[PDB]
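One protein chain is absent from this view; the other protein chains keep their places.
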Amino acid sequence: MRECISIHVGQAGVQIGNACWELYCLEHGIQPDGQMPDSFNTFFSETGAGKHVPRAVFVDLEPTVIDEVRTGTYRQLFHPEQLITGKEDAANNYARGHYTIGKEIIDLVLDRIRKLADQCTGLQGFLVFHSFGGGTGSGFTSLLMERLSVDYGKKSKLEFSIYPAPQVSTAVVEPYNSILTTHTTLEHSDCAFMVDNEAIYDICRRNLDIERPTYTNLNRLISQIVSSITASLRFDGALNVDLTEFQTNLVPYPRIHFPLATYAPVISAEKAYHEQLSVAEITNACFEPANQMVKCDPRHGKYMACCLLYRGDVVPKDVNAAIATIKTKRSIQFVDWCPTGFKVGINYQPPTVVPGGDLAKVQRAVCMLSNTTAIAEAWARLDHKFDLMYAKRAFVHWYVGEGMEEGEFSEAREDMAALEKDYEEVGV
Amino acid sequence: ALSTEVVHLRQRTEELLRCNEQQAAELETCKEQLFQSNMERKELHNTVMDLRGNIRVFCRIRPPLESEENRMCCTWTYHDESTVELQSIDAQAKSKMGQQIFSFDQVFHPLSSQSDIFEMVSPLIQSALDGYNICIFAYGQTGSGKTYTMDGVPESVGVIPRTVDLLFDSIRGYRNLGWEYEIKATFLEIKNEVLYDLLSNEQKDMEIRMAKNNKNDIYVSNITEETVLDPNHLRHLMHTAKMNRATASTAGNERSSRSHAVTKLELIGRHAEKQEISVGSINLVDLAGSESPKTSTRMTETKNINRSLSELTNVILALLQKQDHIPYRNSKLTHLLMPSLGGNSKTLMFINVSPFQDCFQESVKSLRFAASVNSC
Amino acid sequence: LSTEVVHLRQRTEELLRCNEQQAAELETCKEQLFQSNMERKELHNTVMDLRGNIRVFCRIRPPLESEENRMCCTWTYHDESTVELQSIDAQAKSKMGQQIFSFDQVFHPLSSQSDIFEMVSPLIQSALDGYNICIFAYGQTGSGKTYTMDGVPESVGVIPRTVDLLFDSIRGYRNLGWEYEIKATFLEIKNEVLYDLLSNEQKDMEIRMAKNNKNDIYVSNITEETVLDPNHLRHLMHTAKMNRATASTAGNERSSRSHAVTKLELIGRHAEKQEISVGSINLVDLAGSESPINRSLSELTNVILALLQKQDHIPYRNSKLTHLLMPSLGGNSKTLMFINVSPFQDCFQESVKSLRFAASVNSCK
Partner (left out) sequence: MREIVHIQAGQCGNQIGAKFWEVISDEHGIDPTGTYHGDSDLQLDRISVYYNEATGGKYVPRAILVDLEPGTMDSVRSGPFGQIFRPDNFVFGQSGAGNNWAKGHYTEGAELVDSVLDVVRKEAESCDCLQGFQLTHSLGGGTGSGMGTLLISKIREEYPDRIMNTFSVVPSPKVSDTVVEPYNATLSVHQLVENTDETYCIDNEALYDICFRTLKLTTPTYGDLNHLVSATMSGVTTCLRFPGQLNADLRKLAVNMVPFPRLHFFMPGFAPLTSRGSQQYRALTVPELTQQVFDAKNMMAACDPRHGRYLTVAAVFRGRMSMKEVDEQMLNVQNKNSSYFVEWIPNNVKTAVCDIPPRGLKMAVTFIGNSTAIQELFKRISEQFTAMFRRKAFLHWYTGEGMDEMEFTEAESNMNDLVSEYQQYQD
C-alpha cells in the first residue's frame, strides 16, 4: 500500500489537521474512538484491535492547541505519543522555530516520523500544513523540510502552507518569516500548494453566503481540498493519480513548484436546489477568478498547468467536452511550450459533507490545482513589503539576536528576486 | 694689547647681543608660523578626507596557503584598484547569485603585503595629530586575515606595531614644536555585552559613563588607564593583553574570533608657551567574526555578538543618510565608540574576506554592506 | 683693570655658544617650515581635484537702469547648483521641453564680486604650487564677461583681486625661503592673430615650443614685464586697456570679437635647496559667443569637451588660442569656466546657447 503521512506544525496546522482527520474518519465510518462499526489503509495504521490510529504527527512549540485536541472528542483517536509539544511558542520568529526550539525538539519529531515510516510498507510521500507568518510554521517547517530532504530526498514532500493575505497581515512581521522560509524551503519542497485566507473569506462571503465565517469553515474547505487530493489513493476511480504524478505533471522546472488550489462546488444548501450542478458549469466555475482560493487574478497571468480532480458520478465525455470548451476560451491564457497540460484525476467517490457544516450534498465535485503566472505579482509585493521592513531595519534586532544575521535577510531577499526573474522569463 | 682688548671685546658683546636679539625675535616668529603652518594643513587634510570620505571602506583578500591554493577558491577579478569582483565557480550559484561586483575605496591584492596599509597610516595618524577621534574596524570571518593585519607577525608587523613606532617618532618632532603630548593606554573587552579589563585579572564592575567635561566625551569607571612613558613600555602594554585574552580562536572558536577588543590610545597634547591643549584619540578596534551562528553550545551570545555587528551596521548607515538620531546606546560597542563615530570623527572600515568557495557566501555578506556604505 | 677683561672673556665665550645653539635650533625649525609648507601645496591641489572640475559656473547678472523696460525670462532656481530658465511666451513654453542646466555652483544677480573671488582664491595657491591655471569668462555680448574679469573701480574684478591675494601670500612666504618673480604678458587674439597690449610697436609674433620643456609654450617678441607691486601691475593693466583701442563708440564689433588673454607666470626659486616652478595663470576674457573668425572660440569649445572625454588626441594646434593655451589645458591642472547669461527674452535663444555647453560638460565628464 502506497501509504502516506501528514505533519501539523503551528496553530493553523493543528486546527486544519483536526478538521481534516475529522472529515477522514467521517469518510470511512471511523468512530472518534478509532473503530469501524483496505481503502483506509493509506492513512490509518489499523491494528488487530479496533483502533485505526491515524498516521498523523502533530507538533507545536506551545501545549495549548495540542492540549485542546487532547481534550476534544479525538483524544483517544490519536496515539498519545504522536502529539509532540514544546513549552514556548516561536513567537512570530523564524529565528526561534529554526534555531532555539526547533532543534531542541527536532530529534524527537524525527524519531517519531521515522518510527511511523518504518511502520509503513510502501511510503508514498509527506504532507505538511503550516503558515508563513507563523514563527513555527516558518522556522520549524523549513528545518524539517531540509532534514527530510537530507534523510530521504526521493520521497514526495508536499506543502499546504497558507499565504499571507495581500491586504491584512495579522502578524506584523509576516514578510520576514515568509521570505526566510521560502528561501530555506525552495530547494527542499517538491511541490508547495498555495491557499490564501482573504480569498477563502471572499468565497465564503459571496458563495457560501455566510456572514459570520470562523476558522472552522476555512478548515472545512481545506479538509475538502485534501480529501479531493487523496481520494485517488483512498478510493478507486477511472483514472487514479497519486502524489508522484503531481510533480511530473505540474512543475516544469525545479524552482517553479507553487500551484494554487481551487474548489468549484462551493455553493450553499439554499442555492443547491436552483442549480443542476452539471460538469461543464462547475468546470467553468473553477476557472472564475472570484472562486480562486488565492487572492490573485488568473486572468492577468498565463497558466502553466491545470490538474483537475473529479469525484462522484462524472462521465469522461463531459470532462473532455468541458476542457475542449475551455481550450477555446479567450481570457484563459496559456504558454505555448506546454499546450496540453490538463491531466485529469477522474474518480467516482462522491465527497461527504460533515454534519453541521456549510457545504451542501453535491453529487460531483472538482478540485482545480492551477499553476499559473498570477502569483508573480504577489511575490513582488511580498518582497516589496520585506524591503519596506528592511529599509529602516525595523524588527531586525530580534532576528539578529535570536539566530541569524541581516546578511541572511539580504540573501533571502535576493533569492526571492531571482525567483521572480525566473518566473517572469518563464512567463514570456 | 690690553686696553685695546677692552674696547674690541666690548664691541664683540654688542655684536653678539644684537645677534642675540636678532635671532630671538624671529625664533618666536618661526615658531608662531609653524603652528599656523601645521594648522593650515590641519584643516586642509580633513577637507581632503571629507570630500573623498570620512567613512573609509577598505577590503583585503588574503592569499591562500600552499596547500589551500589547490583547495577550491572562488574566482577573483580586479577591474581596478577600487573595485573587486568575486564569482562562485558552482554553476547553480552563478544562476542565482549572478555577478557579484562591489565598489570600495581601494582593493588590496593578496600580494600587497602591509606597504599600502602603512601608506594609509600616515594620513590617519595626521588626523590623530590633528586631535581627532579616529577609529579603525577589523571586520571579517575567522581566519580571513583580521589578526594578520591588526597585530601582525614578527616578519611583517601589523597596524598596531607600525602605528606605535610611527606615533612615537611623530611626537618627537612636535616636541621640537613646544608640544608635550600625554598618551593614555586603555584596554577593554566586550564579550556577552559586558566589559572587562585586559590589563587587570581582577573581576571589576565596568560601566559606560559620560565624562565630566562633556556629554559627548565617554569614559569607563574603574579602568586601568596607564600613562605611556616609552615605546618599549607601550609595546609591553599591548603584549600583556594577548595572554590575558587567551581563549579558543580557531581550535574551538569559543570566545575569540567572536569578540570585540577596543584599544584606545588617548593622546593629550599640550603647549606651555601658547597654552593650547590638543585632545585626540585613536581606536585600534577589531571586530568579531560575522559567521552564521551554528555552534549550538553557546549560540545565545553569538546572536548578541551578531547584534553588536548589526547595530554597528545600523549606526554607520545612519551617519551616511544624515539621520538626526543615531542609535548609539542600542549596543555597548556603539555607545562607547560614539565620540569616534559621529561629527568630525573619521572611521576606517577594514573588511577581511576569504578566497575559498565555502566562504564565498560569508565573503558576499561582508562586501555588500561595506559596498552599501560606498554607494551612499 | 685686568679683572673685567677676564669677566668679558667668558662673556664672549658664552654668547658665542648661546648664539650657535640658537642658530642651530633655528635652522631645524626653519627646515620644518619648508616641509610643512610643501604638504599644504598638494592638499590644496588635491581638494581641487576631489572637487572634480571647477568648470560649469553660471553667473546671472541683473538688468541695468537702461534695461528696466526689457522683458525678462522665467528664472527657476533649484537648490544652489541647478538653474532653470523658461520663456514668458507660453506658446513656446510647451515646445521647449526641459531647459534645465546643473552647475557646480549658481551665481544670481544678487551675488557680489567677493563671492566670485571665494572660488578664485584657492587656485591662487595652486598657481603658487607650480601649476597652470586659467579663468574663462564666456557668454554673449553684454552678458557681463568684462565685469567679471575687469569690473569697475567700485567693484573690482578678478584681475585686481588676484594680484592683491598673490602679493599678500608672497610677502608672507618670504619667511618660507621661496623667492618669487611675477611676469606679466598682455595679449589680444583678434582673429587668429596675436597683438601686444603693452607696446604700440607693431611686429610679427609667433608661438613656439619651449626650449627647456617641450610641453611648455613661450611667446616670442612679447613684452614681458616684471611686476614689482600691485601699483605696478595696475599701471600695466591701464596701459593694456588704453592700447586695446576700445572702439565700442564706433565699430564695437572690432573690440568685442577680439579675445583678451592676460597671462601671469609665477616663477619660484629657493636658494640653499632645489625648487623649479613655472606655474602661470591665464586670465582670458573670451569674446562674444553670438552666432556669425570663430576659429579660436569654436576650437576652445571642442578642446574642452575632448579633454573631459579623455580623447587620445587634442587639436591644440587647430587655433591660435587653443595652441596658446596648449600647456594651460593639461591633465594635472584644474580648469574654471564662467557662463555669463543675460536674463532677457530676446537673449533667451542666446541664453540656451551659453548653457548647453555646460550641459555637455557634466554629461561628458
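Here the chain labels run A, B and C in written order, and each chain numbers its own residues starting at 1.
Operating definition for what follows: a residue touches a chain if its C-beta (ideal position, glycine included) is under 8 Å from a C-beta of that chain, and two chains touch if they have at least 3 such contacts.
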With respect to the chain omitted from the figure, which of A:31, A:39, A:169 or A:247 is a touching residue? A:169
Residue among A:51, A:302 or A:385 touching the omitted chain: A:385
Among A:76, A:214 or A:320, which one touches the chain that has been omitted from the display? A:214
For the chain left off this view, which of B:176, B:323 or B:344 is in contact with it? B:323
Could you please point out the chain A residues that touch the chain left off the display? 11, 62-65, 67-68, 87-89, 91-93, 167-174, 198, 201, 212-215, 385, 388-389, 391-392, 394-395, 397-398
Contacts from chain B to the absent chain lie at residues 209-210, 212, 215, 300, 323-325, 327, 329-330
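We take it that only the chains that are shown with their structure count from here on.
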Separation of mean Cα positions, chain B and chain A [Å, integer]: 55
Between chain B and chain C, the Cα-mean centres are separated in Å by 41
Can you check how far apart chain A and chain C are, centre to centre, with Cα atoms defining each centre and the answer in Å? 76
Complex contact set, residues of chain B against chain C: 2, 5-6, 9-10, 12-13, 16-17, 19-20, 23-24, 26-27, 29-31, 33-34, 37-38, 40-41, 44-45, 47-48, 51-52, 173, 176-177
Of all residues in chain B, which touch chain A in the complex? 95-98, 290, 292-293, 296, 299, 303-304, 306-307, 309-311, 313-314, 317, 330, 361-362, 364-365, 368-369
Chain B touches which residues of chain A in the complex? 99-100, 103, 393, 396-397, 400-408, 410-411, 414-415, 418
